[PDB]
Structure formats: C-alpha cells, structure tokens
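Participant: One-letter residues, chain by chain:
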Amino acid sequence: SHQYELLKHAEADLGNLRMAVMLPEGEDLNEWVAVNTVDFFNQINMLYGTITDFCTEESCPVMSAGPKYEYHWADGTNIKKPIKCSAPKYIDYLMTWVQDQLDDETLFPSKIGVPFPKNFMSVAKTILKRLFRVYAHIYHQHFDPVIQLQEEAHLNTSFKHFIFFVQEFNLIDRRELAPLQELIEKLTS
Amino acid sequence: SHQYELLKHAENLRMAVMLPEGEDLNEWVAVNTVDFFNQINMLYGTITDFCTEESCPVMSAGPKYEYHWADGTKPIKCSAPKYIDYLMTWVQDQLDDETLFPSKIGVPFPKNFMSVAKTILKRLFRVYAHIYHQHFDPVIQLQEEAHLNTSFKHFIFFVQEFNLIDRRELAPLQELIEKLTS
Amino acid sequence: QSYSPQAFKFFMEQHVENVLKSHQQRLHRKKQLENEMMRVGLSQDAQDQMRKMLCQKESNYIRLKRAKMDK
Amino acid sequence: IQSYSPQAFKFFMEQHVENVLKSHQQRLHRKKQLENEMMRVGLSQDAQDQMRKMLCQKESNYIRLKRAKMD
Ligand SMILES: [Cl-]
Ligand SMILES: [Cl-]
Ligand SMILES: [Zn+2]
Ligand SMILES: [Zn+2]
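Residue numbers (the authors' numbering), protein chains in the order written: chain B, 23 to 36, 39 to 213; chain A, 23 to 33, 40 to 101, 105 to 213; chain C, 631 to 701; chain J, 630 to 700.
Everything labelled a hint here was simulated from the structure, so no lab data went into it. We put the beta carbon where it would ideally sit given N, CA and C, even for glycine. Just to be clear, a hint being listed does not mean it is correct.
[To be verified] Below 30 Å or equal to it, Euclidean Cα-Cα: the simulated BS3-like pairs (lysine-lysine) are:
#, chain 1, residue 1, chain 2, residue 2
1, C, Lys660, A, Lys135
2, J, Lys682, C, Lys695
3, J, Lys682, C, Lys687
4, C, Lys701, J, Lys660
5, J, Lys660, A, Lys135
6, J, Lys682, J, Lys639
7, C, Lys701, J, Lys687
8, C, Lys687, C, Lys660
9, C, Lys639, B, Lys142
[Said to hold, decoys possible] Listing some non-contacts, in silico: residues in chain C with all C-beta distances to chain A over 10 Å:
#, residue
10, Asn648
11, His653
12, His658
13, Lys682
14, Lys701
[As the list claims (entries may be wrong)] Each pair of labels, with its calculated beta carbon distance range:
#, chain 1, residue 1, chain 2, residue 2, range
15, J, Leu663, A, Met43, 18 to 26 Å
16, A, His164, J, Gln644, 46 to 54 Å
17, B, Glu49, C, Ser673, 40 to 48 Å
18, B, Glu49, J, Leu663, 48 to 56 Å
19, J, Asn665, A, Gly137, 56 to 64 Å
20, C, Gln644, J, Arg669, 51 to 59 Å
21, B, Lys92, C, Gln636, 29 to 37 Å
22, A, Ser213, J, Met668, 31 to 39 Å
23, B, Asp116, A, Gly137, 55 to 63 Å
24, J, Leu663, B, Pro91, 26 to 34 Å
25, B, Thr150, A, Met43, 38 to 46 Å
26, C, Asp700, A, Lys113, 22 to 30 Å
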C-alpha cells in the first residue's frame, strides 16, 4: 500500500534541475560529483535528523526499506563481518562513515592544488548508494511522520535532485534503486 | 618627454585603494597583494620570450641596481627569468600557505603577516622595475604601455597608501612614480 | 543530531533557490565573458586562456563551498 | 611563469580596472544605504553596531573568498 500513497503525494513544491545537474562547461567531473555528493549528504543528514525521534530501535528493529529489501552493514575494513542492525544504528554507522570519507583530505581535497585520488569515482558511487539506502528506509518505514510534519515536498524535491544527478552520471545501478524505482519512474517523467 | 598614456575608459584608483569603513587591514592588504601577484604574473607572461638567459644575464633594474636571489633556502647571481622564476614560485608558496593566507572564514591572520606581505610587495616591485628598465620597448610595441602604466600606478597607489615599500626600494623607478602619482 | 522540521524545510527551499540561481549565474558569467570578449577582440588563444582561468575559478569556488569554508 | 598572450593580458587589465572602481562604488553604496535605512528605522546603538558588524563581516568574507578564488 506504501507505493500508492508515495505515488499519490508525488507532486511537490513551487523548477528544472535537469539542466542544473549537468556538468557545466569545462568543469572537472570529480569535483562536480564531489560537491553534489557532499550536498546530498547534508540534505539527507538533516532530513533524517527531522524524523529521528520516530526512528527508534522498537519502531525499526532492522534496517528495512520495505518488506522486500533488507540491508546489512559491512564493506568497511574495520567492522567487516556483516551485522544485522536496526534503522537508527545502521543509519548512524552509515552517515558516520560517509562523514569520515568526506572529511578525509586524501579523497576529498580541501586545498586547490591537491588533485583527487585515482579511485575517487568508486567510493563516490558507494557513498551515493548508501545515501540512497537511507532515502529508501525513510520513504518506506517513516513516511507518516513526513506527512504529519509536512516535509513531503522537501523530501520529494531532495530525492528528485538526487535521482536527477545520479541518473545524469550513472552512479548507482538500478538494482540498488529497486526499492524506489516505482517512484523514480514517476518523478523523472 | 614621452607621454605615459595610461588607460582610459575609467581613470579613482586612489579612492579605490583606501581601506573601506570597518574593514580589516590585513584582509585588504592580502587581497590586493594577490591581485597584483596575478597582474604581474601574466604581465611578465606576455614578454617571457624577450626576457631570456642571453638577453638578461642578470636580474637588473638598470645599471645602478642588481638583484640576487636568496630566501627560499647564500645569495645567487641569477638571470632575469631564473630570478623571477624563483621569486614568483616563492610568493606562490606563500599565498598557498593556509597559515599566512587563510581560506576559511573564522581563521584569523598571523601576527607577522604584514612582514611577509611587505616582502612580497618589495619583490613584486623588483619585477616591475626590471620590466620597466630592460624589457620596456616590447611592452610599447605590444601596445601594453597603457596597461603596464595603469597596473603600476595602481600598485604604487596601494603601496603608498599603506607604506609597504621603502623609498630605498622604490629608487629605480622614483622618476616614474613622481610622474604617475602627479 | 536531530533538527527541527521548520529548519529543514527552510534549508531545502533556500538550497533549491541557491542551486538554481548559482547555475543560472554561472551560465550568465560564461555568456557575458563570451559576448564582451567577442565584442572588441581578439585571438582564439586568448579566448582559450580566459575561458581556462574562468573555469578554474569556478571549480575552485565550488571546491571551497564543498570544503565548508563558509563558517 | 606560463606565457599569456598580449590580447589576454590587455583584455584582463581593461576589464579589471573597471571592476575595481565598480566594486569600490558598490561597497560605499551598501555602507551608506545601510546607515541611512538603519537610521530611518530608528534603532538602538547596540543594534546598529550589530548590523554594522554583520555587514562588515559579510564584506570581509566576500573579498576573502574572492582572494582565492571566486566567481
Ligand atoms: Cl555495500
Ligand atoms: Cl630580499
Ligand atoms: Zn527506521
Ligand atoms: Zn630580463
């Protein structure tokens, strides 16, 4: 039933990002991807910050993006044997990890002359994947709070921008986009 | 004789330099220093094919004054392009330093900022002097006289506005400074 | 660290407006530079140089914005 | 050292001087406008000091970002 409420409340806000997500004339790709990645990170961060009091251990006993999909934490050298985590714990680990990635002067240079690493696009795509996992969990489990908090428009706009960017540069496979493809097909028209 | 042109569509310059109301001195000096750094950089960049090892065997601002390198770490007798290379590289390293030239908002300037700023400005003026003395005719022929004189007029206006270069350093071009500043 | 709803809403609206405006302004600087540069000049090498430094400045700006150098 | 063409340097210089005078005039305009409007509203001396602090901070920040690098 979640799909039909999600597709009912798709209409949101009061423009076209599709031109704005495009790589500007003569702009380095890695820098663009980095900037938008950090931006989306902040967005999703405070977004989840709004409904964190609804997202408790009891409400979300396991990291779920709908009854069909269930995510497990891993893929970090520290804490490497996969753990069956709850919503707030998993999301905590995720956002903390991404935060540590963005704060790394090696992967995301702060100085001007410092160039990006060779494997930057990969970890960028990883980050974006996991951020989408957060998006999916919020959209599936804690959607009623978004409605009552009247944050529906802002959530849909943020997600729309995210999807426009990702699709613009093909940074997330559709297999990961699966839990929300029904919505993605609608927002991208 | 010989008119100094100057440009043209605008010139305030004096006014332009003045420290704005309630503006930090170090920030102003920093910004203007960087601007002048770029200006002089591409300025010398246009006539780089004339300032060669053969053409200028030593960094000279006239037969009276001769400059030698040593700071980056025993003075070295360098040519025009080599000396200027060392100079601009050094200043570049100073500007890229996050300690002396803060990029963040909350980060304040060090206490000894004015010193290295004045050093930078001295050496940049040394470049101005060398171009004006040795490689000046190409600037004329390239029709950059107006631009060179306007840049130098602005530079001198700034320096004089805040007393950042001693007259002893400005000596090789004092005859010109007296003319441009009227 | 939890945020209030009104804060988030404001952030999103302000952010969207900022993105669209910044994009529009970028395109505006590019077009403006092209028009004035075309008007009373100039070699093609010069255009390439000016465009290069401009693009470098833009990339530097978005890098600083990325580096949260606004504080 | 990287060699720039003369047309580039000239163009940059011409554009730059005009930019300097314009930025000067605009700065003074913002300052005077603030002083007049704040005087009009009728405000405490502490409040006026606060507003001036914020304006000066915004300006100083502006030229700081412009210093390395901004567009
Ligand atoms: Cl994974
Ligand atoms: Cl010295
Ligand atoms: Zn949850
Ligand atoms: Zn020489």
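Participant: Please test the hint of 46 to 54 Å on the beta carbon pair from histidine 164 of chain A and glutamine 644 of chain J.
Facilitator: Violated, since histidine 164 of chain A and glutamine 644 of chain J (Cβ atoms, about 28 Å apart) do not stay within the stated range.
Participant: Can you confirm whether the C-alpha distance between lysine 682 of chain J and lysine 639 of chain J stays at or below 30 Å?
Facilitator: violated, 38 Å
Participant: Do the beta carbons of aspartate 700 of chain C and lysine 113 of chain A sit within 22 to 30 Å of each other?
Facilitator: violated, 40 Å
Participant: Check the hint pairing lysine 682 of chain J with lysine 695 of chain C against an upper bound of 30 Å on the C-alpha distance.
Facilitator: holds, 23 Å
Participant: Assuming the hint says 26 to 34 Å, is it satisfied by the Cβ distance from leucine 663 of chain J to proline 91 of chain B or not?
Facilitator: violated, 58 Å
Participant: Given the hint of 48 to 56 Å, is the C-beta distance from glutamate 49 of chain B to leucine 663 of chain J inside that range or not?
Facilitator: violated, 36 Å
Participant: Go ahead and decide if the range 56 to 64 Å is satisfied by the Cβ distance of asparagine 665 of chain J to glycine 137 of chain A.
Facilitator: Once the Cβ atoms are compared, 30 Å apart, the range 56 to 64 Å for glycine 137 of chain A and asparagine 665 of chain J is violated.
Participant: Hinted pair, alpha-carbon criterion (30 Å max): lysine 687 of chain C, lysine 660 of chain C. Please report holds or violated.
Facilitator: holds, 12 Å
Participant: Please confirm whether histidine 658 of chain C is truly not at the interface, meaning its C-beta sits more than 10 Å away from all C-beta atoms of chain A.
Facilitator: Consistent with the label, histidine 658 of chain C stays out of reach of chain A, its closest Cβ about 22 Å off (over 10 Å).
Participant: Once the closest CB in chain A is found, is it more than 10 Å from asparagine 648 of chain C?
Facilitator: holds, 18 Å
Participant: For the pair supplied as a hint, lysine 682 of chain J and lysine 687 of chain C, confirm whether the alpha-carbon distance does not exceed 30 Å.
Facilitator: holds, 28 Å
Participant: Quick one: are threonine 150 of chain B and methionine 43 of chain A within 38 to 46 Å, going by C-beta?
Facilitator: About 54 Å separates the Cβ atoms of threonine 150 of chain B and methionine 43 of chain A, which means 38 to 46 Å is violated.
When held up to the earlier numbered hints, the structure conflicts with 6, 9, 14, 16, 17, 18, 19, 20, 23, 24, 25, 26 and fits the remainder.
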